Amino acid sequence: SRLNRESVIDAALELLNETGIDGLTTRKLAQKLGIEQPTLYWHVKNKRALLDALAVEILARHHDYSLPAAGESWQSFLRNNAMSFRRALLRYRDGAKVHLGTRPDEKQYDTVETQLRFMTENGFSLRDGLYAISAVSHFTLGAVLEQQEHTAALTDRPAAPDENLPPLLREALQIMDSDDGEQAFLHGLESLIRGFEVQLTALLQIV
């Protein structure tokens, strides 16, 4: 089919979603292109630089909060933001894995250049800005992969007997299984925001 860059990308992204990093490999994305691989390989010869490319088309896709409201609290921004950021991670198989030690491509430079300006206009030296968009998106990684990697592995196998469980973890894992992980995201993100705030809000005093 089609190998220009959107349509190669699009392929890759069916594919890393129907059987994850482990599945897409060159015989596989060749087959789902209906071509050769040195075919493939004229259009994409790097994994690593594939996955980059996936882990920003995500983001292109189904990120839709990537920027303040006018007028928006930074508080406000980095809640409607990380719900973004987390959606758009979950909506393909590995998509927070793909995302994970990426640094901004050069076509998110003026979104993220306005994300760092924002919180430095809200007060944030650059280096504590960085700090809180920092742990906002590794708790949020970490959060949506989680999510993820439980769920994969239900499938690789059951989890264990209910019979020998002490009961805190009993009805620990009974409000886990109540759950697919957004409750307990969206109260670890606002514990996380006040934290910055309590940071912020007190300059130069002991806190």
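Heads up, when I say rigid core I mean the largest set of C-alphas that superpose within 1.5 Å between the two forms. Positions refer to the first chain, counted from 1. Compared with the form deposited in another entry:
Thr102 is the only residue from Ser137, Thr102, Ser84, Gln75 whose Cα shifts by 2 Å or more between the two forms, the rigid core being superposed.
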Second form
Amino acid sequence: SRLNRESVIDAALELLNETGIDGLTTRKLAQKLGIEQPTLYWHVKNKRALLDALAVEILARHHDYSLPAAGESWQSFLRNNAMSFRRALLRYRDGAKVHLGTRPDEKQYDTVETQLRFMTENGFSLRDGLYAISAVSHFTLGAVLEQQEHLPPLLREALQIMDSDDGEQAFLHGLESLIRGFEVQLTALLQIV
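Now show me the form deposited in another entry; what you just gave was the form deposited in one PDB entry.
What follows is just the one chain, with no partners and no other molecules.
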């Protein structure tokens, strides 16, 4: 019944876990808090404003490794950043669908800027350091998305090792492959690689 930001958003995240992104409405949020719809409207205008606040709040509560610890290799920052980002997207139902559907904040802009400054200090062109950051992102996003949504011979043995883990092993493997693809490009420079 206390109707400020933090309580509105607390309750919205609790509901998202019950209903998912599609089943989340202003009407249902209002009932959960035990108030009238016009009352909520004063605080939260529409579904779109609610999702944008939620996207941002998920990352703020849980993407705890968004920026590099002092004197860490870029490889290691890309790695821990990917892991942290995946975990935060996984802490809530349809988390990745919530993140996808929003344009970035200015909190975000300051971070992408700080991370993009990091990457260049370790010798990336701007182009490349951003292509790097974006590939890690994209890869991490598709992987989380498939995990969150969900017989021939060799398949049968592969489909096994998918369903022994929760999806972490494949993600972490493909991750290292990506990072190492970048080293080999960074190190190359202006030779034929």
